[PDB]
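> Next come the chains, spelled out residue by residue.
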Amino acid sequence: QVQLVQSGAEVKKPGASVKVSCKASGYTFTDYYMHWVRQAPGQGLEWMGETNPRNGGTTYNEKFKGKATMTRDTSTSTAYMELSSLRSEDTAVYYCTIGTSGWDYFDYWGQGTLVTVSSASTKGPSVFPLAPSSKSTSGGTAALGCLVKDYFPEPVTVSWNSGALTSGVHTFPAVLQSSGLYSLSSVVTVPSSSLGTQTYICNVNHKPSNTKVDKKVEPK
Amino acid sequence: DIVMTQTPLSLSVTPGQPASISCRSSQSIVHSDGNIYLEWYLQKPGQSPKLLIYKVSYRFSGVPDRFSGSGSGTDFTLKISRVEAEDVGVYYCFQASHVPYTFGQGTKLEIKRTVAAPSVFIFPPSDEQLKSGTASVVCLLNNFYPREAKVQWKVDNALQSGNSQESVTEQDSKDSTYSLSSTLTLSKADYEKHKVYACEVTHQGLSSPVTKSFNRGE
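In order, the protein sequences belong to chains A and B. Just so we're aligned, residue 1 is where the first sequence starts under PDB author numbering, counting upward by one. Just so we're aligned, residue 1 is where the second sequence starts under PDB author numbering, counting upward by one.
For the record, the hints were derived by calculation from the structure and aren't laboratory data. Some clues are possibly wrong.
Said to hold, decoys possible - Below, simulated BS3-like cross-link-like pairs (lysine-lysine); rule was C-alpha separation at most 30 angstroms, straight line:
1. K174(B) / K123(A)
2. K195(B) / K220(A)
3. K193(B) / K212(A)
4. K135(A) / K193(B)
5. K154(B) / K195(B)
6. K135(A) / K212(B)
7. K212(A) / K188(B)
8. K44(B) / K79(B)
9. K50(B) / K216(A)
10. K135(A) / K154(B)
11. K150(B) / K220(A)
12. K220(A) / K212(B)
13. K207(A) / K50(B)
14. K135(A) / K150(B)
15. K50(B) / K135(A)
16. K188(B) / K220(A)
17. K23(A) / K50(B)
18. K112(B) / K23(A)
19. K44(B) / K67(A)
20. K135(A) / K174(B)
21. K12(A) / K44(B)
22. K44(B) / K19(A)
23. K207(A) / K131(B)
24. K188(B) / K216(A)
25. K193(B) / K220(A)
Unchecked claim - Residues from chain A that face chain B, not an exhaustive set, calculated with beta carbons under 10 angstroms:
26. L45
27. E46
28. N55
29. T59
30. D107
31. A131
32. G139
33. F172
34. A174
35. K220
Stated by the list, open to error - Stretches of chain A that chain B covers, calculated by requiring three or more beta carbons in the stretch to come under 8 angstroms of a beta carbon on chain B:
36. 6-18
37. 108-114
38. 143-149
39. 202-213
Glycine residues also receive a C-beta, built at the ideal position from the N, C-alpha and C atoms.
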């Protein structure tokens, strides 16, 4: 089972540097070249370059030469991508990807790492329950959720019951408030008959602020 | 650098009906081995791209026979013989023949389905938030189609302006519907000054606006 696990989202001030890690597992790390792909607003997705994990040898896209520095650690099967002299234009999702065929057509990708470059301070969110009630029921179903209020920068990820609850989940795109802070809601529709026997916990993660909240949503 | 241009930028297709996406490269994309490394990827919001077609026409494992690829020189085409709900997202062509490797701007595929009126839910502020000095009221519009839906916040029947934010989801991969979250935010002091909190929903699936309300302290 091939899997590429990248490090969490980060916020860095303009002029700073960030090292994004990509831990490889379920295949021999030294067998395939590690590629880096940027997905920026407007500029879309672009190929940054490749690292031969055997000798550390790198081939870059001219555009990223002097901006990106690719390395790896064979003892930990982790590839790294360091961005220097961060500027607003560097706000993007960075992906590590491989082509298990031996050619450069990518079939396995990391989950991505959102790097936000901002002078504004990081704020962790407050997690509030959206308790189910007679005002959130419809045709035998009950809707409930978690309000993830006042955070900066993006992203907030939400899972339910440590990933075991995926059906009927709607994790909405964040809204930017006039304070410059983001806010999002994550909802789930469940049976109303088993509200007394089932436990619903939203697992909120805001990696830039190290926020890890597991909020139990109680029926009202 | 080779510029990949996709046509159209977006397309709306009814399930079972065919779809076509073209990719044009600024130069020839014939690799030194004689093969053209032209790939098609599908990406959904919050996810990494998924390989569908590689080397112009070859399909990746698990990819349905509904997807086919063709082309020569500059012109390249992705073809979906019959579109399914799960095909929603953005399609990208990508050349891995010449360094640096380049992607097209993307083609958003949206799918058409019958009108679905929303299930409307309201959520008063939590006691946790009220203690912190703020009151957010959430109005949930679940599984509706088309995406156009109007939410109006009414406090003691008075129409609200400038104190709410909303966002709609991407199109659902299973039932081709949309969901909407709208939040009304007031200070604790302002929230306690009023009794009836309501969100009035307008949608094509509704013959008259539907109101979902609560009385503060019930």
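> Now tell me if each hint is right for this structure.
The hints, checked one at a time:
At most 30 angstroms may separate the alpha-carbon atoms for a hinted pair to count; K174(B) and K123(A) exceed this at roughly 35 angstroms. For the suggested pair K195(B) and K220(A), the alpha carbons sit about 19 angstroms apart, so the restraint of at most 30 angstroms is met. For the proposed pair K193(B) and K212(A), the alpha carbon gap of about 35 angstroms is over 30 angstroms, so the pair is violated. Of the supplied pair hints, the one linking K135(A) and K193(B) holds, its CA atoms being roughly 21 angstroms apart against a limit of 30 angstroms.
Taken as a hint, the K154(B) and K195(B) pair is honoured in the structure, with Cα atoms around 11 angstroms apart against an allowance of 30 angstroms. With a CA separation close to 7 angstroms, the supplied pair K135(A) and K212(B) stays within the 30 angstroms bound. For a cut-off of 30 angstroms, the pair hint linking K212(A) to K188(B) stands: about 26 angstroms separates their Cα positions. For the suggested pair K44(B) and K79(B), the alpha carbons sit about 18 angstroms apart, so the restraint of at most 30 angstroms is met.
Under the criterion of a C-alpha separation no larger than 30 angstroms, the hint pairing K50(B) with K216(A) is inconsistent with the structure, at around 34 angstroms. For the hint pairing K135(A) with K154(B), the CA-to-CA distance comes to about 16 angstroms; that is within 30 angstroms, so the pair holds. For the given pair, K150(B) sits about 28 angstroms from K220(A) by alpha-carbon distance, which is consistent with the 30 angstroms threshold. At roughly 17 angstroms between alpha-carbon atoms, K220(A) and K212(B) fall within 30 angstroms of each other, so this suggested pair holds.
The straight-line distance between the Cα atoms of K207(A) and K50(B) is roughly 25 angstroms, inside the 30 angstroms bound, and the hint therefore holds. Between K135(A) and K150(B) the alpha-carbon distance is near 19 angstroms, which keeps this suggested pair within the 30 angstroms criterion. Taken as a hint, the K50(B) and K135(A) pair is broken in the structure, with Cα atoms around 40 angstroms apart against an allowance of 30 angstroms. A hinted pair counts as satisfied when its Cα atoms are at most 30 angstroms apart, and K188(B) with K220(A) qualifies at roughly 20 angstroms.
Among the hinted pairs, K23(A) with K50(B) is consistent with the structure: their alpha-carbon atoms are about 19 angstroms apart, no more than 30 angstroms. For the suggested pair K112(B) and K23(A), the alpha carbons sit about 40 angstroms apart, so the restraint of at most 30 angstroms is broken. Proximity of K44(B) to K67(A) is assessed by CA-CA distance (about 28 angstroms); at most 30 angstroms being required, the pair is judged to hold. Of the pairs offered as hints, the one joining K135(A) and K174(B) holds, with about 26 angstroms between alpha carbons and a cut-off of 30 angstroms not exceeded.
A C-alpha spacing of about 27 angstroms is found between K12(A) and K44(B), which places the hinted pair at or below 30 angstroms, so the restraint holds. At most 30 angstroms may separate the alpha-carbon atoms for a hinted pair to count; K44(B) and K19(A) meet this at roughly 26 angstroms. Of the supplied pair hints, the one linking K207(A) and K131(B) holds, its CA atoms being roughly 26 angstroms apart against a limit of 30 angstroms. Distance check on the hinted pair: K188(B) and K216(A) sit about 23 angstroms apart at the alpha-carbon level, within 30 angstroms; holds.
The straight-line distance between the Cα atoms of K193(B) and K220(A) is roughly 23 angstroms, inside the 30 angstroms bound, and the hint therefore holds. Below 10 angstroms, beta-carbon pairs count as interface contacts, and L45(A) has one with chain B at about 5 angstroms; its hint therefore holds. Here the hint on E46(A) is kept, as its CB sits about 7 angstroms from the closest CB of chain B, short of 10 angstroms. Taking 10 angstroms as the C-beta cut-off, the interface hint given for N55(A) is violated, the closest approach to chain B being about 18 angstroms.
Using the Cβ-Cβ criterion of 10 angstroms, the hint placing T59(A) at the interface with chain B is satisfied: the shortest such distance is roughly 7 angstroms. At a threshold of 10 angstroms, the smallest CB-CB gap from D107(A) to chain B is about 5 angstroms, leaving the interface hint in force. A distance limit of 10 angstroms between C-beta atoms decides the matter here; for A131(A) the minimum to chain B is near 7 angstroms, and the interface restraint holds. At a threshold of 10 angstroms, the smallest CB-CB gap from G139(A) to chain B is about 8 angstroms, leaving the interface hint in force.
Because the smallest distance between the Cβ of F172(A) and any Cβ of chain B comes to about 5 angstroms, under 10 angstroms, the interface hint for this residue holds. Using the Cβ-Cβ criterion of 10 angstroms, the hint placing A174(A) at the interface with chain B is satisfied: the shortest such distance is roughly 7 angstroms. The restraint placing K220(A) at the interface with chain B holds, with a minimum CB-CB distance near 9 angstroms, inside the 10 angstroms limit. Counting residues of the region 6-18 of chain A whose CB falls under 8 angstroms from any CB of chain B gives 0; the rule of at least 3 is not met.
Only when three residues or more bring their CB closer than 8 angstroms to a CB of chain B does the claim for the region 108-114 of chain A stand; here the count is 4, and the claim holds. With a cut-off of 8 angstroms between beta carbons, the region 143-149 of chain A has 4 residues touching chain B; three or more are needed, and the interface restraint holds. Look at the region 202-213 of chain A against chain B: 0 of its residues bring a Cβ nearer than 8 angstroms to a Cβ of that chain, fewer than three, so the hint is violated.
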